[PDB]
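Presented below, as structure tokens, is a lone chain in the form deposited in one PDB entry.
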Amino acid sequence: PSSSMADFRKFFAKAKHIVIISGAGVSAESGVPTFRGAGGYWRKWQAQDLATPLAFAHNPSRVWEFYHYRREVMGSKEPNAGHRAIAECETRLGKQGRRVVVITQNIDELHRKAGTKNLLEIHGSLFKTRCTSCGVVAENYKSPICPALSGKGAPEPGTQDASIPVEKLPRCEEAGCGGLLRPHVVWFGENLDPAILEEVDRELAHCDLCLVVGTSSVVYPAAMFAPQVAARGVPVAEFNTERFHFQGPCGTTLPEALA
């Protein structure tokens, strides 16, 4: 894997269809606490205790307490230089008829806030809700999402469970529904949206340059996508903190690389 910026910039100049696969490193550079490894903890629990349809069935109040916490910490965050370079490149290239798409594992909408428009959110968004009754997906940025969760969601073990009755958790506001809302987030056991994967696969089939940013291509989810682009002879440029590999924060490398 080459570290030549000049050699990368030569493909970048000529690339008509760029696919940027964006991992958690991009979000972390904005102060988003990465909910994986040593960080994958809230009170007594891990992600596999919280982010599952079975968890939501047994204790939706606890799952909503956690996602309220997640929403609260996320909504105070701002796009970083990497997010900005990525958006500015899409805007700039688009005026020339050249394409940039972002595939993100992240659910904080920081790419959207930076100005990214060709955005594929494979894990959904925690600022979207899904109704478990009618199936309607809705935007929700409200703080707090419901009055019962006001002041709730503290991460300390020993914090009392809110034990909010289901009726008082976030409810659908479609006329005549009133169903229980869940976060519009892909949980363990649940498949990624087939329509999204369809769009993703089309982009990978047509791209002439691929970027992996804030993650590596040997790890989920970039490991799903980058190998088949590379096997086609399309250059894959990797930007992370340890064909092309560029070391350092994406906020440092991407502004220059995507200039």
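Only the largest set of C-alpha atoms that superpose within 1.5 Å between the two forms is called the rigid core. Positions refer to the first chain, counted from 1. What changes on going to the form deposited in another entry:
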The other form holds:
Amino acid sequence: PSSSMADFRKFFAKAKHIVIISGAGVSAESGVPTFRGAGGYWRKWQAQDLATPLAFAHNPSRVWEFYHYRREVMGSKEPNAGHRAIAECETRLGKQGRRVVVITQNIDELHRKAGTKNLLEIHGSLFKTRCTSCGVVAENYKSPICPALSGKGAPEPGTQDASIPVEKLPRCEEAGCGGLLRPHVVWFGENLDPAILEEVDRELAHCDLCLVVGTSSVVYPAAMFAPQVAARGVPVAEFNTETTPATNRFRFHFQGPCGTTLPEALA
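Could you drop in the structure for the form deposited in another entry? We only have the form deposited in one PDB entry so far.
Lone chain follows.
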């Protein structure tokens, strides 16, 4: 896979429909905890322990404490130069009649905070709820999401469960519902929204350039998307921190923090 920025820029200059697949590394460069992989814990758990239907079924208070903490942490986090290069790209190309779409597994909305409008959040958002009774999905930026969670979700080991009764967890505010809300986030063992997948497929079918940023093209989620693109002969450029180009079959690989490489690549 080629390391030539100048060669990439030649493709970039001509591209009318860029797909940008954004993985966990873009959020990690902003200091966002992911609670996955080595060392990444909340209390004694990782996401695989808490982001599951069974965990929510058995201990919804503990799961809401976890998501409350992650919501509140975002008050001290900012998009990085990679988010900004991506948003600025969308804005500049959009005035030229050229499309940029960001397909992200990140749930922290830093792409939105950076100014990205064309965003497919395949794992949902920390700042959306879904009613487990009526199914309504709502934006929710309230700090705290409900009064009982104020000061809860502390991440330190040894912190006891808040054990909030379900009636005092976040409830649906649709007239005549009152159901228990969950985060509008894909959990382990759960299906992706098929409508989002349909939209993803449309973008991949039409794009003439694909970036994979902050993740590898041979693991989920990029492995679900990049092969479709490469099969049509569309260049795929990878921007990640692996010194190993874990792939060939993809045209480009640029090693380093996305905040270092993308401002140059997308200028």
